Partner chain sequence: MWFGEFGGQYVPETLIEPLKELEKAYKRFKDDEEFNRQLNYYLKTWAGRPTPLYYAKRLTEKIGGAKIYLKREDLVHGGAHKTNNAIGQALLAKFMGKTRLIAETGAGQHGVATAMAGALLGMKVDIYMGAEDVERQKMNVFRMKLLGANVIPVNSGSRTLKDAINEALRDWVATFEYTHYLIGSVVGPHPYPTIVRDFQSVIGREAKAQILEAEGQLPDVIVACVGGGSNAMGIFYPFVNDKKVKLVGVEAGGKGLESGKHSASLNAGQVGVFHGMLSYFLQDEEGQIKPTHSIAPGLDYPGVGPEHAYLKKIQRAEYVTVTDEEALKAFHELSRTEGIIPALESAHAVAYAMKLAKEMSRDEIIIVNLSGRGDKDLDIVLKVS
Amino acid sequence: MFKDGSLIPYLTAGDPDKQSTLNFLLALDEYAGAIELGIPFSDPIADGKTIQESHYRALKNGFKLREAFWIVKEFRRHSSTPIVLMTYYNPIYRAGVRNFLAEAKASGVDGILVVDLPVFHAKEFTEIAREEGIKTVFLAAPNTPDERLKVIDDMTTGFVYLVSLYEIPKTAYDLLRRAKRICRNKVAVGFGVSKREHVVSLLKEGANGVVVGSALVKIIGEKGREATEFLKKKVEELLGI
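Take the sequence just shown and give its structure alone, in the form solved without its partner chain.
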């Protein structure tokens, strides 16, 4: 759902606050092919340390679920860049899948990624997502077998997101190689990129898109509301401008 060779920033909603998040998005938009906006959760057990700490900051500063929809709505007033909402199942489940997907679509969200979606709910979920007009994004880690990658690809309408278990490990490159051999959908990778050579290498190996999350959120946790300029400089470095 994004142009080939795209850089895809990931940011946690409400880190440090909802207004700063919006400011960050508007500043990175000109370099982004797509954007992943993460919804804070008290137990981000599938994320690395840097991202977990961002969820904690956002929640500590008093983030509210609906504020995520506010961010996207406001962003939609200035841009059409594809937005993928990333979230754990508890929030959506506790609010009602249909209700959630509907309001998400209403706000301007294009796709959704449910990190810990129970496998025996995937079918139902994909059904409703389609009905509500929301594209699905599913993730695959290095221990995902070829057979499962195929199933995931068949249920995916947005893109397949490849992530690392927790510079770039050979196991991550292996996952990408295998994925490009199986998936008809475009693939984006979130392998913990931090330098220009990472982006060059991953694109050369077939990644349609490269997500940049921890490298950006680390700056935010350090500069807070004043991270804007440093975020642009980091993306610029990764783009090799």
Second form
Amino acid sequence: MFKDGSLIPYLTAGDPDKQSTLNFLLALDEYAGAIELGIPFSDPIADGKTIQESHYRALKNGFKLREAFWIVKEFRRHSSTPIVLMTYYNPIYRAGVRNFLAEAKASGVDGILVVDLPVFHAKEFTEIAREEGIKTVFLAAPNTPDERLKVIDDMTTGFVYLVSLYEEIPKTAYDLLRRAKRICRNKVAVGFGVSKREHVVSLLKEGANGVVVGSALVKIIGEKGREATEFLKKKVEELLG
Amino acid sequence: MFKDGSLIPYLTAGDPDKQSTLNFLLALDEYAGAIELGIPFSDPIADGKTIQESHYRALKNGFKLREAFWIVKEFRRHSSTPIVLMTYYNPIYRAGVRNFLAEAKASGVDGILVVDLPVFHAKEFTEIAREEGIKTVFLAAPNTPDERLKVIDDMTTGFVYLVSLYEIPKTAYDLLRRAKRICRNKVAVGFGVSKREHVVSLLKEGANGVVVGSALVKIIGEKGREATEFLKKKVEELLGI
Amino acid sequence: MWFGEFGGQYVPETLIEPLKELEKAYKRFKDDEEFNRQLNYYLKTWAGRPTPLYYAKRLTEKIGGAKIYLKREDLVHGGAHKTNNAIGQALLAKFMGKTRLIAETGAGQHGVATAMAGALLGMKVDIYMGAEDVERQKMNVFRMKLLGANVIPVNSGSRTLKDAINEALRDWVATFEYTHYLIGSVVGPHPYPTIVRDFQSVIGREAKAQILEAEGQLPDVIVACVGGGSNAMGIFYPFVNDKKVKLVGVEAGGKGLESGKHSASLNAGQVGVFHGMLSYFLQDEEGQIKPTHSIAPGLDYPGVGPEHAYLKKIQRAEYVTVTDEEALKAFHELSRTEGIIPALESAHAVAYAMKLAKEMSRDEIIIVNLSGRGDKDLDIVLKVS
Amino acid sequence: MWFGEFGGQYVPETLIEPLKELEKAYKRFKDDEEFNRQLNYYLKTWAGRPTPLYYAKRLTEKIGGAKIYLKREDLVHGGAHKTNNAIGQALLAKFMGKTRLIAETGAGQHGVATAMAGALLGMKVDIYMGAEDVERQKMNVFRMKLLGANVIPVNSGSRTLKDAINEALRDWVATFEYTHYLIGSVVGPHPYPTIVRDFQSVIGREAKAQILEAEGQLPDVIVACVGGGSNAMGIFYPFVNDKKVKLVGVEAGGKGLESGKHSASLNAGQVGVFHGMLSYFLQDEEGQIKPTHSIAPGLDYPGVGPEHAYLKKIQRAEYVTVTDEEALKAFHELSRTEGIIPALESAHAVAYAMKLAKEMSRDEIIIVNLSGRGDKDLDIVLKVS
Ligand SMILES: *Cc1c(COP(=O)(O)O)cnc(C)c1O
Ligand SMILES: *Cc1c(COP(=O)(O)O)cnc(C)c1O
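Can you give me the structure for the form solved in complex with its partner chain, which would complement the form solved without its partner chain we have just seen?
Okay, now the whole complex, with that chain kicking things off.
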């Protein structure tokens, strides 16, 4: 749901505050082909230390679900860049699948990824998602069998999100990408923990439709807080070359 | 083996040192009709706190069995007052019944009391004691049946030693009453005399002898080497002179 | 993966393969004759099973109510029912051909249990523990090290249990090929909630046979404390189809339900999806996990097993709560009256069973699950009291 | 009252009546059907008997010698065989119509065991303890208080065990009418040495039946640690007439027999008469008691039961020693290898059995008496190691 060769940034909504997130989005917009926005959760599961910490920060500063939608809606006043909402199932469950998907669509959200909702358990979700005009994003890992890979692809209407088991990109991660391109009909975005230009280049070269950059960025947002804007651009710039 | 109405002092040999014991003996000699000398043991059994502590003192200052015999022998150079040795069985067992009794006799000891040697187990002892010229002293308590009391008397060649279960207890007087009414031997009482009235009342009730140990060793514990004078003052109080 | 509407397998795709494989293994060994033969072998000669069913003659008469029996799980090797599950999963892991066991721990109880089983079966044991807890648990850490396991302190985040859990998960995703992740209670994604329950059903089975032998009939009530709910599920299960038998779970009321200082997930939480399961959790106004409290460590959990949520729903089991003060009283009472020092977790069940017994007739029967000994809680108690 | 030339009733006349009466009571109840019925009842439902006989498969193979079995007394309620004797004497005291139990304690183990039994049978429990030890045993004192007993600190003399013993004796002489004096080991004047042994014979009986069931034959050797000698006597006794069976007692070698820092009474003491019995004691050149040492508290005693002196004499049993270092090694080894943390006292038997096993054939059988769990010794160990 994004142009090939696109760089996809990831940010945790409300880190350090709802305003700052909107600022970071606007500042990076020009370099991104799509943006992933994460909704803070109290209990992320094996989400990775850097990102895991951003969740705590966001919630410590009193983040609230509506503030997420606000950021997306406000961002929509300036850009149309695809926005993929990333959240755990609890918030959407607690609010009603259709109700959540509806509010999301209305806020200007294009796609959604429910982190802790198994493929074989998302039948009804993908169904209401379609009816609400929201594209689905499911992820796959190196330990994902070619069997499930197909099923994941068959339910994805946005793009398959490939992630690695754990800054040289693991041999195991490239193998996932290889199989993915060789099996999926959807576009494939990779989140292998890119930190230097060579990664982006090598990954695109290997068939990655998109390359996600989250840790590298949220790490800076954690060190610079409200004053991260400039450093984020500098880093993004480095990655696009 | 002592004149009726006699006051019998008790001291722990070697408390605080072998010399001091000889001194205390000589100083009290004139008021005593007989003297009980105790041989320090590492494990006295229900011997009573005041006396129990004297044992520890004596041993802490490095007391040694021969030093006991030395005190007796040295005392014999001045007095002939009957000396009754009081010890636990281990020392005499460790040395040989006959061997111990022999050395005791030779040191000028008149009688002996083996604190932890049951009457029904002292057959051979009383036998060798006779052959070695040592008088036997056995004790009886309030809980001692009239049956054993007789047996105790039948084996005593020195005098039956009456002791209380713990104002002299009513229970203690009852022991004395029965004792006089049953024993052929003289009876000495160790009921924890501490004031003149006790001595008087006890003699009055038929006590051939009244033992005074705690009252004295308590002073020896508070005055150490300088106890001599205070001991006499206390003995004098008890004799009413 | 379900108990009514509850349960599930809500986890990232990275955890699906390991889980799916665990499901397969459990299926082929769940009833393998050889597997159970060994499981019973260790449970018997090493763990000490069966545990006796004791009649608190003196305590029941002091109350003048119903008769009170205690399932003495405090006597199993280790001092807690947790050992049942440890041996089970460790053996299963061995049959699966794994060579390493990993788990995380807060108080250290699960840590030790895992360490012991690993030692018994000769497996490498790595235990994750927040640096915070490592400092607080001097003696438990030492115990784990004595047993041959190596405790890995985690300093990321709050340096507590939550941070240790994530470290464990990350570890498993990368090493699941030869490493098994030992969950300590009937919680988490499928197939754990049910596997753990199965390895604890022995408690109920033994207790059933035992009470029949002593009273010639089934009990009127069965009371057990509920943290995650594994000891409660273990003794409840075998009696689930015996309609006469009333089941009661006791959650930590802490300092009073009306003070936010508790862990009564079933008696005050809303359904939600956390730790890979759809169950009851003490949630925030915004669907975020709330802080919990309880004098008994093992009861200090914001969630609860899916199977208990299901039993509560269909009203097959009744769940209540007891305060720190009440549990603490039962702690002293059981000690002075029956000469048995219970774990603070267990003291909660003892406490409720005591007041419940008072409202019943002298011919009725109550069986309380004494999940563990209280040696571990002397400091806690010695401090407050 | 004699075991060969050893034993006896060497005490002041003031203790004779209480002793004589205890002899009578023990005679009428020793075999009273009702008495034993209750004794077995508590032993089973409260204490947890029987204890399993565990095969240390991994440890025996690591050594490549004989097979090693462990009598798990570490699993009885309380964590030590001491509980067997506590229940026995307390029950006997109750049948005698007594209402109060008194005892003295150093480490606190006997104190706690007594306190638990008293609580179980509803008796007043007063425990004498040197003020020195009271300070050193924070947690055990608290345990005793939790169990309803009141610990009486003695400050006379060295404020240690010896001073507490005398306080207990004095107490008994005055209150023996309604108070029973609970001795903790096969020592002291008659009838204690033998009464205590009788209450511990269960260990051997169970083990015999158990080893027959597992191996179809009696063991080649039985190894147990010896302090006073009650757990050793308890497991030895039933095998005394089975000539095939070798009996081995392990005393505390402390820092080496050649350093005076030990407690090997049988392996280095002279016969004598102390604490009311004629047995072996670590004596002075002048027949005075010498100071003893051992890393394991329960093994730190200058004397030993008369019955062991007798067995040594007639050469029916062989007694050896193990150093603090060796026992300490076994402590760690058993923990890492079999997942069982033993008490330091027990670790001595484990240690010797280990080296003894190496010199035997793979088809031979050794049974080691694991007298207690090592939870109590974590501090001791954690410190040195
Ligand atoms: C940990 C613990 C518990 C609570 O956990 P459940 O899973 O609810 O059983 C209860 N009792 C003891 C003794 C424990 O150690
Ligand atoms: C006290 C104790 C001992 C030693 O005493 P015995 O009377 O010789 O048995 C041995 N093992 C344990 C575990 C103890 O607690």
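Residue numbers count along the first chain shown, from 1. Residues that one form lacks are left out of the comparison. Each form is matched to the other, and the largest set of C-alpha atoms that superpose within 1.5 Å is called the rigid core.
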Item checked: Sole member of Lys150, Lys105, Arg76, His121 with a C-alpha shift of at least 2 Å between the two forms (core-superposed) -> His121
